[PDB]
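Trainee: This is what each chain is made of:
There are 2 protein chains.
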Amino acid sequence: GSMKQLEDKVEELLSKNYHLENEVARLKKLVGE
Amino acid sequence: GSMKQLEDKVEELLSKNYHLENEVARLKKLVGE
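As you go down the protein sequences, you meet chains B and A in turn. If you read the first sequence in the deposited numbering, its first letter stands for residue 1, the second for the next number, and so on. If you read the second sequence in the deposited numbering, its first letter stands for residue 1, the second for the next number, and so on.
No lab work stands behind these hints, which were simulated from the structure alone. Don't be surprised by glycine CBs; every beta carbon is placed ideally from N, CA and C. One should not assume that every hint holds.
Calculated pairs, DSBU-like style, for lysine-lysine (alpha carbon to alpha carbon, straight line, at most 30 angstroms) [to be verified]:
(1) A:29 <-> B:4
(2) A:16 <-> A:29
(3) B:4 <-> A:9
Covered by chain A, per the in silico footprint, the following chain B stretches (three or more residues, Cβ under 8 angstroms) [as the list claims (entries may be wrong)]:
(4) 7–16
(5) 20–32
Excised from the complex, chain B in its bound form:
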C-alpha cells in the first residue's frame, strides 16, 4: 500500500540513478585521463 509502491518507484529511479551516475564516472574517466 502507498508507501511501499511509491517508495518502490523512488528506489527504482534510485537504481538507474546508480547506473547513470556510475556510467558518468566511467565515461568521465576516459574524458578525464
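Dock chain A against chain B, hints included.
Mentor: Here is chain A on its own, set in the frame of chain B:
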C-alpha cells in the same frame, strides 16, 4: 499529503536522472566520436 511528497521525491530523482543521463550522453559523445 503522501502522494505529493512521495511523488515529489520520485520526480526529484527523475530530475537528477535527467542530469545524469544527459551528462552520460555528452560524455559518450566524446567517448563516441
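Trainee: Now tell me, hint by hint, if it's right for this structure.
Mentor: Evaluation of the provided hints:
1. A:29 <-> B:4: Not OK: residue 29 (chain A) and residue 4 (chain B) at ~38 angstroms, beyond 30 angstroms, violated.
2. A:16 <-> A:29: holds, 19 angstroms
3. B:4 <-> A:9: holds, 13 angstroms
4. 7–16: holds (count 6)
5. 20–32: holds (count 8)
Against the hints set out earlier in the document, a violation occurs for number 1 only.
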